[PDB]
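Take a look at this single chain in structure tokens; it is the form deposited in one PDB entry.
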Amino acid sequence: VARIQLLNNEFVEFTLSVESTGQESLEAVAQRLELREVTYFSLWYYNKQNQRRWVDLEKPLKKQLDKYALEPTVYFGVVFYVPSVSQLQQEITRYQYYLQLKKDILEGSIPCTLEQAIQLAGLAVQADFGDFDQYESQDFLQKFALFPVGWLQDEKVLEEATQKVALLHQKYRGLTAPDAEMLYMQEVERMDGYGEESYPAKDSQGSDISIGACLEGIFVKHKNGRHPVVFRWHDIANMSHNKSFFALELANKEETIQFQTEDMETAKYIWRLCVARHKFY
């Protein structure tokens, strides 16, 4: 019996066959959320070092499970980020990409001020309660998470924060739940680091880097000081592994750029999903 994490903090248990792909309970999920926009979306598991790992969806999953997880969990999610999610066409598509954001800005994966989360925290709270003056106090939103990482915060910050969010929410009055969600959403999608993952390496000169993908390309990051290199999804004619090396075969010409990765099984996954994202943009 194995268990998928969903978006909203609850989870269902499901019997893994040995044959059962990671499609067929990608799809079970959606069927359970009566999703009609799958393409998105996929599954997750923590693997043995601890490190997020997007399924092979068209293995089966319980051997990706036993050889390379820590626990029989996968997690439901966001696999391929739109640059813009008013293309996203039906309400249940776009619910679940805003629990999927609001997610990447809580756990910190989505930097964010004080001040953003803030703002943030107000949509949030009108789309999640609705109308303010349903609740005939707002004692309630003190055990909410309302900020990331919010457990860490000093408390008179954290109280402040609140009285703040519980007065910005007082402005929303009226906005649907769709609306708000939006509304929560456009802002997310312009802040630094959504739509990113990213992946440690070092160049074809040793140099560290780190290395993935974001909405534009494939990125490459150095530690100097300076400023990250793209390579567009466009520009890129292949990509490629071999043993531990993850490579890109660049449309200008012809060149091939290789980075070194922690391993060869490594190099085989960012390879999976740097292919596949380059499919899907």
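The term rigid core refers to the maximal set of C-alpha atoms that superpose within 1.5 Å between the two forms. Positions refer to the first chain, counted from 1. First, how it differs from the form deposited in another entry.
- Only one of 207, 86, 170, 73 has its Cα shifted by 2 Å or more between these two forms after fitting on the core, and that residue is 207.
- Relative to the superposed rigid core, residue 59 undergoes a CA displacement smaller than 2 Å between these two forms.
- Here residue 224 counts as shifted, since its C-alpha moves by at least 2 Å between these two forms after the core is aligned.
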The other form holds:
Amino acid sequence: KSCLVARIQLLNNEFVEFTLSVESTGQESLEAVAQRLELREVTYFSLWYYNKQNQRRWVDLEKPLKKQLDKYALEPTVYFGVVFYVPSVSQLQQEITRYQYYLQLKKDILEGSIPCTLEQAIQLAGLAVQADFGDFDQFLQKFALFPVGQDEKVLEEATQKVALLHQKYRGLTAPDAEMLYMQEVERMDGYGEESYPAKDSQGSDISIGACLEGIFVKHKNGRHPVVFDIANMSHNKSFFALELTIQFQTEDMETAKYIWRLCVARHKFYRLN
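Can you now output the form deposited in another entry? The one shown was the form deposited in one PDB entry.
There are no partners or other molecules in what follows, just the one chain.
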């Protein structure tokens, strides 16, 4: 009523239960989370929740978080994540800022946000074990090391392929296994790309988002993705428009105005970098 008991899921799947005041902004919670994580470079990160459509909407860090989860969320549970994916993961200097980046990049592979082939998913899990588990005292059946995809006997074949590239990476520091793990996902397609459903100027449904180069429009019907030179970005009614002048349409006026913020946000983040 006058306070919200919210649960923030860290990237390592741990939970922190925050009793939140009505006036408390989302930035204050993100700064509180950075304190517990020993995290210093809090600029690359933010928080997000499942909205009424189960769509990952990042919170408004400058607006109070208590009202956002009441009005636009299923349950009062936000998730910690990376809102600003850097082109160069070498840019990240502080140690703990890199580990949280490593957790987010690993979660993007294991859950399928960044699609990887069979072989890429194999080589990735090798560097993960040397950092998640370490240089073995001797263990892989324990936790999940592969994306969604499986056949029982292909699982046995790949797990031994990881269990042999496990010894080749021996004696190296886990912080360096995390770096080499990132700077391979760093270079993949779909890396750090967030898609939002929308319709085209012909009514054909598509997926729109802001990539590092610029606004990317990929088409569900298979049409070649265009990557927009942009004079500015604007939003009108249920539409969202760029100027050079093109416009897309979304579900409702809430969804489109939301996208304008992140695009100009990512546009501001990239022009500083």
